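Undergrad: Residue-level listing of the chains:
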Amino acid sequence: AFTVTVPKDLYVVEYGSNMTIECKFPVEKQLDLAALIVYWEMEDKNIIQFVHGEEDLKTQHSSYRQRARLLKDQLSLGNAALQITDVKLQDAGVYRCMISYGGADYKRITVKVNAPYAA
Amino acid sequence: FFXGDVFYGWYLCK
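Heads up: the sequence lines are chains X and R, in that order. So the first sequence is numbered by this note's numbering: it starts at 1 and just counts up by one. So the second sequence is numbered by this note's numbering: it starts at 1 and just counts up by one.
Note that these hints are calculated values from the structure, not bench results. Note that CB positions come from ideal geometry on N, CA and C, so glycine has one too. Be a bit skeptical, because a hint or two may be false.
[As the list claims (entries may be wrong)] The following label-pair restraints were derived from C-beta to C-beta distances:
#1 R/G4 - X/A115: 40 to 46 Å
#2 X/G93 - R/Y8: 21 to 27 Å
#3 R/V6 - X/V27: 16 to 22 Å
Chain R on its own, in the form it takes in the complex:
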């Protein structure tokens, strides 16, 4: 998941 800081730290996709 990329998109800047949208849900920063809530996800694991890299």
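With the rest of the complex left out, here is chain X:
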């Protein structure tokens, strides 16, 4: 069956750093861009919406403009990787990755953000 996996289900990231959280899904030798739909959400915020080989920025929440992107080259490897630069404290929480690719699945990932003076 179509299953989405997460290598790590809890990310502890430092304030102001860059974060890359990854969901893995099965891909054959070649990637069918028409069939792939990827949606990264947190709380009720539209982070990344990926359809027909391109990110849809018209629905992206303002909290993430030029702050987050889907690394398209990793999709070739069966990796939906969300990268968010300059992590803020308001980026901590539960992220959901939803992937449709023939079959459909989704997984949760928890992100803790470390305060600047916590280490």
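Put chain R on the given structure of chain X with help from the hints.
TA: Below, chain R without anything else, positioned relative to chain X:
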């Protein structure tokens, strides 16, 4: 998130 029924019930964006 709109798109018909694609991941119906899996998301919270309205």
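Undergrad: Decide, hint by hint, whether the structure agrees.
TA: A quick look at each hint next to the structure:
no.	hint	result
1	R/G4 - X/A115: 40 to 46 Å	holds, 41 Å
2	X/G93 - R/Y8: 21 to 27 Å	holds, 22 Å
3	R/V6 - X/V27: 16 to 22 Å	holds, 19 Å
Hint compliance for this structure: no hint is broken.
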